Every structure is written in structure tokens, then in C-alpha cells.
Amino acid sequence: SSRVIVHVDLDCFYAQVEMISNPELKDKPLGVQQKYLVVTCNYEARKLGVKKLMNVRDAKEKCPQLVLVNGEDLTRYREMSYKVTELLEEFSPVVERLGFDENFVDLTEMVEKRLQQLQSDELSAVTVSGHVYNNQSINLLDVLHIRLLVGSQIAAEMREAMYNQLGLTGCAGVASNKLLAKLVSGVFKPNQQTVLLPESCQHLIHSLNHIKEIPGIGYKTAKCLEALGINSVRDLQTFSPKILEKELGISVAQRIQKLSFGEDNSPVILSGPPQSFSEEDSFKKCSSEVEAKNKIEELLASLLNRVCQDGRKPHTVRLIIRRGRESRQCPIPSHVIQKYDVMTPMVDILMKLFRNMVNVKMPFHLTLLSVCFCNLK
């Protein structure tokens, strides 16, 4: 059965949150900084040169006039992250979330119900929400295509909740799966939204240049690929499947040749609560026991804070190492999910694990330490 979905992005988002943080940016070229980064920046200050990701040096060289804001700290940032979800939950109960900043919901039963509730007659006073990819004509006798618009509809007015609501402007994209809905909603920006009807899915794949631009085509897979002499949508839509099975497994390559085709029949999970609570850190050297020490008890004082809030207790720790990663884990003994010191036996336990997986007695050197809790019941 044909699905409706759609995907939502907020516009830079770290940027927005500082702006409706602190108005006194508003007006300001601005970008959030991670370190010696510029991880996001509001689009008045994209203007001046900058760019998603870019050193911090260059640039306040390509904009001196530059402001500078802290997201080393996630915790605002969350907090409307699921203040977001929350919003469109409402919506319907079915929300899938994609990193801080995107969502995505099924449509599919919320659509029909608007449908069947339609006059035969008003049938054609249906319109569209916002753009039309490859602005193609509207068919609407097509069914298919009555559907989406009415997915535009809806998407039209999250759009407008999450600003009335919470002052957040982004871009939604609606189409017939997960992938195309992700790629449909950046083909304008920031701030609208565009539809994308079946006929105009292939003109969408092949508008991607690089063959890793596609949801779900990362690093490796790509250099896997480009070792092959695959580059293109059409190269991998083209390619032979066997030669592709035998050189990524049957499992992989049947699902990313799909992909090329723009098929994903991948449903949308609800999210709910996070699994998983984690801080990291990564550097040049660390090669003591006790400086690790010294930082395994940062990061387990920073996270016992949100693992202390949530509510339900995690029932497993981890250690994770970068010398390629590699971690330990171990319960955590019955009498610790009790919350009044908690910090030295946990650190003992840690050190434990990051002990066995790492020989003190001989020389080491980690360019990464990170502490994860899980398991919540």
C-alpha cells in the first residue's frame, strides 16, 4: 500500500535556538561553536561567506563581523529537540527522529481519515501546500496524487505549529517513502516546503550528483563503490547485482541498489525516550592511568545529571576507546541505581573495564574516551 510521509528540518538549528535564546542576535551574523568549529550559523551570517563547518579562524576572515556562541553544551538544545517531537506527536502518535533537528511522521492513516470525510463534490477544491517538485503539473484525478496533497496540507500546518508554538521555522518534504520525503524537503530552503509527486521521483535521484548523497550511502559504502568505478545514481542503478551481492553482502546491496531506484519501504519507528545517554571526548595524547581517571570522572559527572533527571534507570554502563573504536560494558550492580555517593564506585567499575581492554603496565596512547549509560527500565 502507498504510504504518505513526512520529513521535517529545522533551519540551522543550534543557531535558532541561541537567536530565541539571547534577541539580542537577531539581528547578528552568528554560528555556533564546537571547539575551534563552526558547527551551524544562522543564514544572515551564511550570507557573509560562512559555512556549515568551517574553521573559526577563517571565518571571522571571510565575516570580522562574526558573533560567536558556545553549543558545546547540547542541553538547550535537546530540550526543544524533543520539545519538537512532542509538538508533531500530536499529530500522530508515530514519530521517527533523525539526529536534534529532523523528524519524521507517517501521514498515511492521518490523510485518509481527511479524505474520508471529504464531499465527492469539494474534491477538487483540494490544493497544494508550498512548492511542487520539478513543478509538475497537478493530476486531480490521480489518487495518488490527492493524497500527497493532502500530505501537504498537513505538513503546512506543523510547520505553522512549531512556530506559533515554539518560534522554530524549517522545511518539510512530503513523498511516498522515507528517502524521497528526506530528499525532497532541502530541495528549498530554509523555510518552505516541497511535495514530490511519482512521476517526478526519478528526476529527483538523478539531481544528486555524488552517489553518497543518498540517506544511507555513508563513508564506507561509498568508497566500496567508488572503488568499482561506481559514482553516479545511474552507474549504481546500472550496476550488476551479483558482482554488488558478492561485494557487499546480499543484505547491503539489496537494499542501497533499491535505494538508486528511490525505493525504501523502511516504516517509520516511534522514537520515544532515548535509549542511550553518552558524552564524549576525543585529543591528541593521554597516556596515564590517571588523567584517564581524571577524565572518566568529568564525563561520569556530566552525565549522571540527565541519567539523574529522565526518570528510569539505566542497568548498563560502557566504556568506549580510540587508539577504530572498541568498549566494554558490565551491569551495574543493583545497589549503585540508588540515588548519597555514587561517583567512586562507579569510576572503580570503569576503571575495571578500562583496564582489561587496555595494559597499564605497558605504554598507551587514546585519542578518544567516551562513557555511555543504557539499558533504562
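Under this definition, the rigid core comprises the largest set of C-alpha atoms superposing within 1.5 Å between the forms. Numbering follows the first chain given and starts at 1. What changes on going to the form deposited in another entry:
Superposed on the rigid core, the two forms differ between these two forms by 2 Å or more at the C-alpha of one listed residue only; from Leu66, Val56, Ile349, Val39 that residue is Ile349.
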Second form
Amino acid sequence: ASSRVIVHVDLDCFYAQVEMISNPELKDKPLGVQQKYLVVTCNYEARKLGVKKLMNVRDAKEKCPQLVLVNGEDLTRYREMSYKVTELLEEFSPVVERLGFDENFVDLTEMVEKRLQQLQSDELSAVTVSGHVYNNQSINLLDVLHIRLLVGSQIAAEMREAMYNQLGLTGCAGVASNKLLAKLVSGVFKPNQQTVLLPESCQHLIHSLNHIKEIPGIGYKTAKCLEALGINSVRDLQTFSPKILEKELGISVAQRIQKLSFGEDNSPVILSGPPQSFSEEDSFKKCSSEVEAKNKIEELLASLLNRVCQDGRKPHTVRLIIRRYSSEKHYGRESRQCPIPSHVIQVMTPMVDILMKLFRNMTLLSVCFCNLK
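Having seen the form deposited in one PDB entry, I'd like the form deposited in another entry now, please.
A lone chain is what you will see next.
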């Protein structure tokens, strides 16, 4: 149970794909999916015309005045298609980890070993790659790690084919020996293509990044820290004193991220299974006057009740989240949480009242059910 073969599957412009399937007439039009004042994503036609992920509508339309916009505030259809993709990949191999609605990791190691035991000491020399090899690296058919990663690429090509044939969806895949690398390599050829990373090109991929922030695992706060410390490139992080890093970020963060900077990442692909929470949100200018807007809270409620029904399991906890007024101090939302009574688990209106009291304990309103059982 040593060396792994992991695939990362990463769909193209996922919300825009879902909307193009729904309304074919948007098919070869540049398309942006809007949420409030943002174009959260857009199809590849629009990316050619300058439209970028998460651009304001204004910038978006004065870069491209012919841009078609559809509202993507209601996530229902995205969410449903997102689970269809996960279940299809689960069928290839059951340990599938979701990351957001349109990325999945699959640990292919058992699958690859089983396919390999199937082949003769004849056809092992006909093993070929499917799709791109990162950095155009030469394959060595006598290297058992090259052979396993190639079989990995063939399984990823089957997955992408099946997603297209069964669900109508295109996507990228990256095959590598761990989740970090699979995730960095999946993005090298886009849209709708795949890439496999052989071990000798690992430093090349890692040093191809232009800032430590691009490392999956290193976010906004951590990047700001490393900066303050004079750490900008992936090589700065590789060569920095482990000790000062430790005595500044904590042992956990320091040792994990410095391993990341080498391309090293032991984290297991984790079975996501069914979701741990269910929530819906609503943004607005500053429209929750702090009074008559429980009305919002009932709408949110009605949808969530229909969803959390549908699941089979039921939530034992409810939470209310808010965002307070005026100026924008970069970190700060607030939440009141209490258990749901069992009278009420097993007829909207008692739920309506719990929510209102937690409101009374305390631009954004959301309800979240959790602690599913």
C-alpha cells in the first residue's frame, strides 16, 4: 500500500455547460452565468473574447457587449448534475472525494493493479498513454511507475468518455501519484483534455507555479504570512528554514506546506458520500432592515425543507447565518445554532419560530441544516 495512482477530474465551465445543455440556442454563443453583480463563470467562446471567471457584469460586458447572461443564483440543477458526475465516477471505483461541485478525486491504485495483473508479459510493452504527457516527458516502458500512471491515463480517458456519453459533459483529468500533483496537472491542457504526470517531471510542474498561493493547500492568510517572511516563489518555500517556519505557522501548517512545496502530499482520497450540510443563501444591498425580513427566512426555509426531505436522512441541527451592515472589514459573518426538537424532526411553522428566536439572539441571510443522521 505504498505508491498511488490518483486522478483529478475537473469539468469545463461547469455552470455554463449545464445552461448550454438546457437551452441549446446558447450553444455557440458567448455565455456568462450571473449571480448578483458577478459573472461567476462563462463558456469558452466568452473566455476567447476576454471574459474571466468571477468578473463584474460591467467589466464583463464592456469587454464583450454581445455576452449572453443567464441567472445562476438557484444552484438546484448544478447540484443535481454534480452528484450524477460523482456517482458515475464511483462506479469505476468507490473512493471518490468531491471538491466543490465540479471536481472529484478518485484513487485508482487498486483498479490499476487489477488491470495490470490481467495483462501478459507481451501486451505490457503495448501499453500506451491516453492524452498528454506533462512536459512531453519520454515514457520508459520498463519503469513500473510509468506503466501504472499510463494505465491510470487509460482509466481517466474511459471516465471522461463515459461522462460525455452518459451525462453530456466534457472535462479535464490529471493523473499523478498524489492529489496535489493530480490537481496541478489536470489544468495544464484545457478545455476537455487530460494530462499525466511522470515522476521525473514533478519539480518542473511545481516550479512552473508563479506564486506559493497557487499551491492547493496554501490560502489567502497563509500566503500573506509567507510573504511577510520574504517567501514568494515555490523555491523560497522549499529552501526556507523549517524551524522559523515551524515557530511561526505552527508545526502542523509549517510541515504540511513545506512538503507541498516539494510536490509531496500524503493525504488520502476521502469518500465524500452524502453531504454533511444543506444550506441556501440570499444576498441583498442592505435589505434586511433587522425587522420585517423574516419573510426571506421562510422562502429559504421552504426550499431547504424540500431538499432535506428528498435525502431520506434528517437533520438534527439548524443554524442561521448573518452578515452585518455598513463598511466591509474583510473577515466577519455571524451564526446562531441550536438543536431541532424531535417532535419537529418527524408543519413548517414550528421551524419558522425556532429560526426567529435565533434571529433575535443576534446584507446576508442563510439557513443551514446539519448534524444529519
